[PDB]
Amino acid sequence: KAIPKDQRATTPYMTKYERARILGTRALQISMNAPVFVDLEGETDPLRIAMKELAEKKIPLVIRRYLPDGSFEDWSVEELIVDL
Amino acid sequence: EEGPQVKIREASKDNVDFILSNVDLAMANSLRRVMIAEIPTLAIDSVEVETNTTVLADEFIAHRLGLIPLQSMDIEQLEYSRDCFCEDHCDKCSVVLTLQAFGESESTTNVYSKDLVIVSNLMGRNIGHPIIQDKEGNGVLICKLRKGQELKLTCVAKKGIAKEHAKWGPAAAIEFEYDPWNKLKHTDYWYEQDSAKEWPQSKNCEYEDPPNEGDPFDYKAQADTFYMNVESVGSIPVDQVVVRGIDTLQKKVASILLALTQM
Amino acid sequence: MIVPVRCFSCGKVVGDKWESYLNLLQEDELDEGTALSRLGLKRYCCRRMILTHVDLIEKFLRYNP
Amino acid sequence: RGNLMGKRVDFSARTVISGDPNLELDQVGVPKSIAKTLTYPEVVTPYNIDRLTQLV
Amino acid sequence: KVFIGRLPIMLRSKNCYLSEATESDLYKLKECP
Amino acid sequence: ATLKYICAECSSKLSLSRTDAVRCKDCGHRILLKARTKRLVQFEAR
Amino acid sequence: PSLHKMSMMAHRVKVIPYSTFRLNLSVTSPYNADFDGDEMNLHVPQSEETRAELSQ
Amino acid sequence: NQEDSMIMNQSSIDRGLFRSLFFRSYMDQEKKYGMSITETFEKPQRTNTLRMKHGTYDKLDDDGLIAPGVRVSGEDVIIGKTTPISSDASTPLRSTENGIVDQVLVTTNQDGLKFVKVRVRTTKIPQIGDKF
RNA sequence: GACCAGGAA
Ligand SMILES: [Mg+2]
Ligand SMILES: [Zn+2]
Ligand SMILES: [Zn+2]
Ligand SMILES: [Zn+2]
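Chains as they are written, first to last, in the entry's author numbering: chain A, 72 to 155; chain B, 3 to 265; chain C, 1 to 65; chain D, 337 to 392; chain E, 164 to 196; chain F, 25 to 70; chain G, 448 to 503; chain H, 834 to 919, 933, 936 to 980.
Treat the hints as calculated values from the structure; they're not laboratory data.
For every residue, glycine included, the Cβ atom is placed at its ideal position computed from N, Cα and C.
The reader is advised that the hints may include incorrect statements.
Straight-line Cα separation of at most 30 Å, DSSO-like style, residue types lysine-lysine; simulated pairs [stated by the list, open to error]:
| # | chain 1 | residue 1 | chain 2 | residue 2 |
| --- | --- | --- | --- | --- |
| 1 | D | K368 | H | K972 |
| 2 | E | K191 | B | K149 |
| 3 | C | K42 | B | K187 |
| 4 | B | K154 | H | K972 |
| 5 | B | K205 | C | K42 |
| 6 | B | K15 | C | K42 |
| 7 | C | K59 | E | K193 |
| 8 | A | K87 | D | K343 |
| 9 | C | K42 | F | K37 |
| 10 | F | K37 | H | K979 |
| 11 | F | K28 | H | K876 |
| 12 | E | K191 | F | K28 |
| 13 | H | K972 | E | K193 |
| 14 | B | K149 | H | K965 |
Per label pair, the in silico range of CB-to-CB distance [stated by the list, open to error]:
| # | chain 1 | residue 1 | chain 2 | residue 2 | range |
| --- | --- | --- | --- | --- | --- |
| 15 | A | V153 | D | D386 | 19 to 27 Å |
| 16 | F | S35 | B | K253 | 31 to 39 Å |
| 17 | E | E194 | B | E152 | 36 to 44 Å |
| 18 | H | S906 | B | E152 | 37 to 45 Å |
| 19 | H | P974 | A | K128 | 55 to 63 Å |
| 20 | B | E177 | E | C179 | 44 to 52 Å |
| 21 | H | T956 | E | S176 | 20 to 28 Å |
| 22 | G | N479 | B | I10 | 56 to 64 Å |
| 23 | D | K372 | H | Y866 | 54 to 62 Å |
| 24 | A | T115 | G | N479 | 33 to 41 Å |
| 25 | B | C92 | E | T185 | 52 to 60 Å |
| 26 | D | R350 | B | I10 | 52 to 60 Å |
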């Protein structure tokens, strides 16, 4: 039933899988002519556009992390650390 | 006399043993490569077959026909069919050969390269005649027949080079050696006991001074002097394989300058 | 199955030499290592070409149409 | 076990392998023949629209 | 007297034609010696 | 002038057309062959 | 057989001639592959999402 | 030639090393349906069926056969056959394959059926994935 | 297409 942001306990870093899904999802959406929130500086490959959206933390997505019990923490890709 | 030099050691219809001197090895090698791979020759390249009653399959025969050496002396005044202007081929770019054979005898009847005959017009240039070095003058035994065995086909020979198919190779093996006493140490001799005893001296050891062990190793040294031997299949006379190769290579090195210039 | 024209390895013309090698054998009663050499076959790639050839066509021939 | 946990699948290919000293570690040499059979569904987009039209 | 089916013959068995056949017989018979 | 088929064993030409029953002439056998197209085929000698 | 993670790995395509899949010699061992005639399967993703999964 | 593969001399291959003939022989017949309802070796066209192979019927003579000498390839139709109904059955060359019709053979089944075998030769030249 | 049988990195 979702955990309040001030009580979140998971890694504040982004996981290989989170990132691969984030990049993949945006690139899909970009491929489908969705709005791009970055200057494609001559870019044209939706992945690289997405890798670039991610590099500038302008991806308006949220990872909803599920706990084994069913509850969850929502994390903004804004706020996730990407030393990954 | 000038730059690189030659001395000829033996010579025949089809073998030139000689010595290159005062040259880059790379150069000596390039000539070797060119001689093998890039000197133009005529060989049968298309075979239309009207009748075949042989134990040998159409293409099996076709393939052999490509390997019969043809007179390629004046080959440079035949055009590459690719550049000639006719649709397909003409007299300007190709020689037409014809082969008809029928087992007349009871005993097995033999189809030799001698049984080819040039139908096209030669414009009187040395070309297309099958090479025959044969003692009884039959040339390559193409195929064998029994009785109702009939072979009727037609050949179109074109200009080409070994890079495209080996059938166009004017030269067979090319013997190439240097520094027969390993004085450059360009090789390290495998041995059980004595590198000297196990490894046979080359004929060319006679043509350079033995190293004499009371001597420091000459690192300054460099490979010039190369004992070569060219052997011609016959489509072109040996000497010409050497020359034309020299020429062919040169033409290449030239085309480079020429492109350098349209640049 | 019939003599190769030209040795695979080096490319020396070989298909003319067949009947000679057969004759250097039967009539001259030379042995192979000489019969081959008499035909100026020296680089062993060319030696093997003739020495180890099995001329099956001569069998194929014996069937009829 | 054989229809659900596993399946025969579309967009797949197989052939003899051989190794290359001249490929980079993470690439694979694909025969032109297979390249021509195997497809990728690309969406028409302003980014690709000309290149895409070119291939078509 | 009476017919009772057919027995497949092993080639080159006593009962097969090729048993007694000669080399040139075979070649003529379209059969590899 | 022109054949359709060839006897297998005796190899006489046999120029028959459909609905004729398949069998050689003088030769008993029933094997019969096709005889190549007059449309001369060509090969590169490579 | 595919007993490893490493038994299926993502590669960059390089379309080339001849009819073999060519691969870098050093990736030979995690596949268990030798060129004594062994064939190999190649699957091709269809979604933008799935190629991501592969490359990432 | 690393790891149980080998380098082979192209020049040698040309000169004829390791080349092979390869033959495949396709086969067919007309199957009677008791009361003389039979099939047919023939080259068919359109005509009320429309259910027939999607490659060239044109290599066929009028006996639904190819004369041996012709290049085939793809699903060229090597044999033509037909079935009635109360108006296809043709045998295309193996999709993956190609070659030259080598021998064609027209004869009878132990019954009395039109029985046919078509052989096709190809030469196979040593190429890269080939094993030795 | 079932089913049986035989042979491969
Ligand atoms: Mg293996
Ligand atoms: Zn011309
Ligand atoms: Zn040789
Ligand atoms: Zn007959």
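Each hint tested on the structure:
1. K368/D x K972/H: holds (20 Å)
2. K191/E x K149/B: holds (15 Å)
3. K42/C x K187/B: holds (29 Å)
4. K154/B x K972/H: holds (24 Å)
5. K205/B x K42/C: The given pair, whose Cα atoms are some 16 Å apart, holds under the 30 Å limit.
6. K15/B x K42/C: holds (17 Å)
7. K59/C x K193/E: holds (12 Å)
8. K87/A x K343/D: holds (28 Å)
9. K42/C x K37/F: violated (50 Å)
10. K37/F x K979/H: Since the Cα atoms of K37/F and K979/H sit roughly 43 Å apart, the hinted pair is violated (cutoff 30 Å).
11. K28/F x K876/H: Holds: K28/F and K876/H sit about 16 Å apart, inside 30 Å.
12. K191/E x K28/F: holds (25 Å)
13. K972/H x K193/E: Between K972/H and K193/E the Cα gap is close to 27 Å, so the pair holds against 30 Å.
14. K149/B x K965/H: Roughly 27 Å separates the two Cα atoms, so the pair holds.
15. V153/A x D386/D: 19 to 27 Å: For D386/D against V153/A, whose Cβ atoms are near 34 Å apart, the range 19 to 27 Å is violated.
16. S35/F x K253/B: 31 to 39 Å: Since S35/F and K253/B have Cβ atoms about 56 Å apart, the given range 31 to 39 Å is violated.
17. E194/E x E152/B: 36 to 44 Å: For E194/E and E152/B the Cβ distance comes to about 25 Å; the hint is violated.
18. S906/H x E152/B: 37 to 45 Å: violated (28 Å)
19. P974/H x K128/A: 55 to 63 Å: holds (58 Å)
20. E177/B x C179/E: 44 to 52 Å: Given range 44 to 52 Å: violated, Cβ gap about 58 Å.
21. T956/H x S176/E: 20 to 28 Å: holds (27 Å)
22. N479/G x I10/B: 56 to 64 Å: holds (58 Å)
23. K372/D x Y866/H: 54 to 62 Å: violated (44 Å)
24. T115/A x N479/G: 33 to 41 Å: Between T115/A and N479/G, where Cβ atoms are some 39 Å apart, the hint holds.
25. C92/B x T185/E: 52 to 60 Å: For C92/B and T185/E the Cβ distance comes to about 56 Å; the hint holds.
26. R350/D x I10/B: 52 to 60 Å: At roughly 58 Å between Cβ atoms, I10/B and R350/D fall inside 52 to 60 Å, so the hint holds.
Against the hints set out earlier in the document, violations occur for numbers 9, 10, 15, 16, 17, 18, 20 and 23.
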